[PDB]
Amino acid sequence: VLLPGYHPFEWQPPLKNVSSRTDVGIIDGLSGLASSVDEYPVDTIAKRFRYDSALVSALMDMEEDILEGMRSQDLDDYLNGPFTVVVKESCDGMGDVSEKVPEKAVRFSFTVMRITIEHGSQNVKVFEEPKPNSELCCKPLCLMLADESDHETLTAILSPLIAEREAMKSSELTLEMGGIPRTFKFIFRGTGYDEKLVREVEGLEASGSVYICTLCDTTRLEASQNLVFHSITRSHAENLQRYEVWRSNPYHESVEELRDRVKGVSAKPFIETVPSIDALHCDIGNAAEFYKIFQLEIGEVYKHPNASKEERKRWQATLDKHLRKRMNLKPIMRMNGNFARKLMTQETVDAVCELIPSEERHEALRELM
Amino acid sequence: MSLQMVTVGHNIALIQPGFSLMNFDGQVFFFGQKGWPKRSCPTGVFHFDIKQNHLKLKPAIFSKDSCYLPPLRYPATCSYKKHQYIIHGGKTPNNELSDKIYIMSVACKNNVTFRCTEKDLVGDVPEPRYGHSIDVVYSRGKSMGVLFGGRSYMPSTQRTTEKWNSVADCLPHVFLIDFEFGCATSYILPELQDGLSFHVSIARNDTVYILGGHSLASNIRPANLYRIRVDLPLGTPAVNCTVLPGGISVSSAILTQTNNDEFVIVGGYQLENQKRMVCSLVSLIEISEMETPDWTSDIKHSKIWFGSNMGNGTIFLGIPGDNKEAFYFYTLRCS
DNA sequence: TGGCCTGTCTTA
Ligand SMILES: [Mn+2]
Ligand SMILES: [Zn+2]
Numbered sequence: 509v510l511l512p513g514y515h516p517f518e519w520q521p522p523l524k525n526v527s528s529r530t531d532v533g534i535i536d537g538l539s540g541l542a543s544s545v546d547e548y549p550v551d552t553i554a555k556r557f558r559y560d561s562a563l564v565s566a567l568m569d570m571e572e573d574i575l576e577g578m579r580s581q582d583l584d585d586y587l588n589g590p591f592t593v594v595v596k597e598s599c600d601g602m603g604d605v606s607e608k615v616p617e618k619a620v621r622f623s624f625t626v627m628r629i630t631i632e633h634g635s636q637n638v639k640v641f642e643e644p645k646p647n648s649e650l651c652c653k654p655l656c657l658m659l660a661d662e663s664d665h666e667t668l669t670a671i672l673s674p675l676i677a678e679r680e681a682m683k684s685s686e687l688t689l690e691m692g693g694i695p696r697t698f699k700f701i702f703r704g705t706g707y708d709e710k711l712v713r714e715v716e717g718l719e720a721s722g723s724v725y726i727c728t729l730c731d732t733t734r735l736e737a738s739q740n741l742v743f744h745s746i747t748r749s750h751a752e753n754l755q756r757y758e759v760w761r762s763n764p765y766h767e768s769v770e771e772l773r774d775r776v777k778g779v780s781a782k783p784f785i786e787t788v789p790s791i792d793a794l795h796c797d798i799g800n801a802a803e804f805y806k807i808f809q810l811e812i813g814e815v816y817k818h819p820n821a822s823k824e825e826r827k828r829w830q831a832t833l834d835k836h837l838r839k840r841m842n843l844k845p846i847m848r849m850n851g852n853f854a855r856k857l858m859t860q861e862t863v864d865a866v867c868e869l870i871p872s873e874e875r876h877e878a879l880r881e882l883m
Numbered sequence: 001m002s003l004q005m006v007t008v009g010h011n012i013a014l015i016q017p018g019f020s021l022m023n024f025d026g027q028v029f030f031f032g033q034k035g036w037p038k039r040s041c042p043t044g045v046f047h048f049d050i051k052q053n054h055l056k057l058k059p060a061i062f063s064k065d066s067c068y069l070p071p072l073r074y075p076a077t078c079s080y081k088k089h090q091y092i093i094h095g096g097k098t099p100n101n102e103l104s105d106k107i108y109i110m111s112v113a114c115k116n117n120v121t122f123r124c125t126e127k128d129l130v131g132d133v134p135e136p137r138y139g140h141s142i143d144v145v146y147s148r149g150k151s152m153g154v155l156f157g158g159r160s161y162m163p164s165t166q167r168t169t170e171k172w173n174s175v176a177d178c179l180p181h182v183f184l185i186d187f188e189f190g191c192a193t194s195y196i197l198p199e200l201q202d203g204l205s206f207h208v209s210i211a212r213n214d215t216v217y218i219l220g221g222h223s224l225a226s227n228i229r230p231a232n233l234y235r236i237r238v239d240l241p242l243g244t245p246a247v248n249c250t251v252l253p254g255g256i257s258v259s260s261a262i263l264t265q266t267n268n269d270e271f272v273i274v275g276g277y278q279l280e281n282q283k284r285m286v287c288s289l290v291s292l297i298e299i300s301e302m303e304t305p306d307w308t309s310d311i312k313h314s315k316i317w318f319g320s321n322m323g324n325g326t327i328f329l330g331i332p333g334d335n336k341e342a343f344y345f346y347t348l349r350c351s
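Chains as they are written, first to last, in PDB author numbering: chain C, 509 to 608, 615 to 883; chain D, 1 to 81, 88 to 117, 120 to 292, 297 to 336, 341 to 351.
Among the hints, erroneous ones may be present.
[Claimed, not checked] Partner residues are not named here, just some residues of chain D that face chain C (Cβ under 7 Å, in silico):
1. 99
2. 168
3. 225
4. 291
5. 298
6. 301
Since the hints were made in silico from the structure, they are not lab data. Yeah, the Cβ is synthetic: ideal placement off N, Cα and C, and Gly gets one too.
Between the sequences and the hints, there should be enough to build the whole structure, so can you do that?
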């Protein structure tokens with residue numbers, strides 16, 4: 509009952525290139541990939557659900573919450589008007605899985627984020643997950659024994675799933691809850707992808723590239739000089755076309771001119787992502803900048819443009835020592851959330867000002883913090 | 001025929017089954033790297049240099065008027081006399103099958121830059137495929153391309169996500185292809201009943217011989233040999249095929265040219281569980301067995317082997333690593 | 001013969 513493939517359902521209109529059989533559960537993750545000795549060598553074992561069947565099982569699993577949420581919004585149990593399900597789509601490699615050679619695994623998973631019902635012309639929410647990021651509500655879709663950087667295998671195994679999700683983007687799901695047929699329609703948002711996997715699935719270059727952002731076309735130099743005025747530009751379609759431009763070189767340009775034309779898209783995308791930021795990384799990036807500012811204000815680097823490596827090192831040592839004495843901060847060499855949390859305080863700025871001669875610069879550091 | 005082990009540089013990972021080697025003026029080049037091309041080599045085409053049994057892959061650049069074709073696994077390739091290379095079909099790093107045709111030539115050689125131009129195709133374009141053959145025939149002072157065989161995904165109507173990667177042999181139609189203008193004509197022949205992929209192809213004058221291969225539907229590696237004659241009058245060409253006894257049974261074999269007008273093929277897969285350890289000699297048509305080379309035990313006990321023709325009557329082959341390097345490579349020489 | 005731009009490996 510709790511596994512995909514048990515309840516019956518319908519898609520209207522029927523999903524493109526997806527079987528209508530509803531009794532399908534665990535199916536081979538290779539999706540019929542050829543395995544003969546002539547063909548490309550298949551080094552991987554994977555198993556998956558059909559993405560629609562899994563959505564069906566996850567909704568039936570949460571039926572009780574959906575009905576009770578309808579009650580809690582002063583609505584009727586039997587209403588069936590179009591429910592809209594928002595679905596966070598997610599993907600990560602899981603490092604070494606081996607029991608003891616490294617054995618790597620990729621997990622493609624989803625999370626029901628919110629379910630709203632339409633009453634008149636107000637969209638009233640009937641359910642939303644309290645812990646979106648928990649391991650507990652991250653519904654597994656496919657597990658595979660492969661490297662997230664093994665592009666050929668990854669596309670081979672994930673592409674059927676994406677095909678299914680594309681299919682669901684333009685169809686309604688009819689599903690029986692509590693005796694009454696209910697109708698669902700979905701919004702899929704691939705927000706669960708760390709930067710490396712975003713870049714890999716959207717055709718972009720590796721992280722060291724000059725095109726540092728997956729939301730815009732900035733270069734590292736542009737983004738550094740131009741501090742704040744940047745806007746979200748990129749989209750999956752724009753990336754598929756920038757790939758085709760790379761591929762076709764329509765204006766017969768050189769490789770550097772072509773690379774500037776397509777702003778990093780040298781490979782063909784195959785997943786639409788919603789690249790976001792982690793609150794952790796905001797804190798970490800800010801703290802790293804403030805740490806450098808502190809040590810440079812102690813060394814007074816404006817007065818010493820040709821300062822050597824060892825003088826700056828002693829500046830860093832000075833700051834470390836004084837932060838240990840005043841704030842009890844063990845100097846570390848790898849930036850982390852807890853260091854950032856303890857360093858980004860106004861009192862820490864007072865502590866570091868105790869080592870800065872000019873008070874005019876105390877003004878500036880304190881306002882910055 | 002002497003076997004020689006080869007060591008490889010830092011980018012050995014680029015080599016994968018389905019790769020190709022092309023020979024331009026004695027210089028060897030490598031195409032079909034694993035993964036999409038990286039900043040270190042944006043074209044994905046490499047100078048393939050074996051010095052002192054050491055293989056170095058050095059980045060090659062494309063001209064300003066070039067396509068940046070994707071790496072392709074199992075495309076049909078042939079050589080066309088400027089001297090150029092024909093690429094048709096293949097698998098991309100995203101597992102899509104390409105129906106396009108790319109043409110490779112040496113644009114400039116400083117101390120090489122390539123011209124890669126894609127040729128558009130109209131008429132009876134063959135469905136995108138891999139594991140198929142393409143060669144050039146010459147009849148009455150005219151040149152034409154012959155394409156035959158291979159496998160592809162199911163058609164869009166029957167293809168289903170549960171069997172999204174399932175493949176079937178292409179219909180065994182012969183395709184004449186004019187590379188200058190990009191036109192294609194399909195010829196159904198009664199003698200070619202079944203589909204065929206991973207076969208060997210030999211082109212001489214107005215004839216193409218088809219050897220071995222694997223037929224998916226029957227799952228048989230047929231021991232038939234097919235001769236294909238093509239005449240090019242001023243009107244529509246005429247193609248006639250005839251079955252010839254004495255056909256070898258082998259899929260994914262490698263073919264190289266020794267001296268002039270003598271070809272040697274080194275093994276492929278004879279059965280799903282068995283490997284073709286023997287080698288065959290084709291004189292232009298008669299096939300004679302040759303003395304099997306001095307294979308090492310690693311080659312003998314490997315389940316999978318893959319390779320390509322280097323051009324100089326020498327084969328470059330590779331075998332998978334032990335469970336505890342990813343690949344181990346050898347060079348097998350002839351003549 | 002380098003900086004040094006790129007990708008691999010290391011340690012907190
Ligand atoms: Mn990751
Ligand atoms: Zn940006």
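To see whether the hints hold, each was checked on the structure:
Checking residue 99 of chain D against chain C: minimum C-beta separation of about 5 Å stays under 7 Å; hint holds. At about 5 Å, the closest approach between the beta carbon of residue 168 of chain D and any beta carbon in chain C falls short of 7 Å, and the interface hint on this residue holds. At about 13 Å, the closest approach between the beta carbon of residue 225 of chain D and any beta carbon in chain C exceeds 7 Å, and the interface hint on this residue is violated. The beta carbon of residue 291 of chain D comes no nearer than 27 Å to any beta carbon in chain C, farther than 7 Å, and the hint placing it at the interface is violated.
Here the hint on residue 298 of chain D is broken, as its CB sits about 26 Å from the closest CB of chain C, past 7 Å. The beta carbon of residue 301 of chain D comes no nearer than 22 Å to any beta carbon in chain C, farther than 7 Å, and the hint placing it at the interface is violated.
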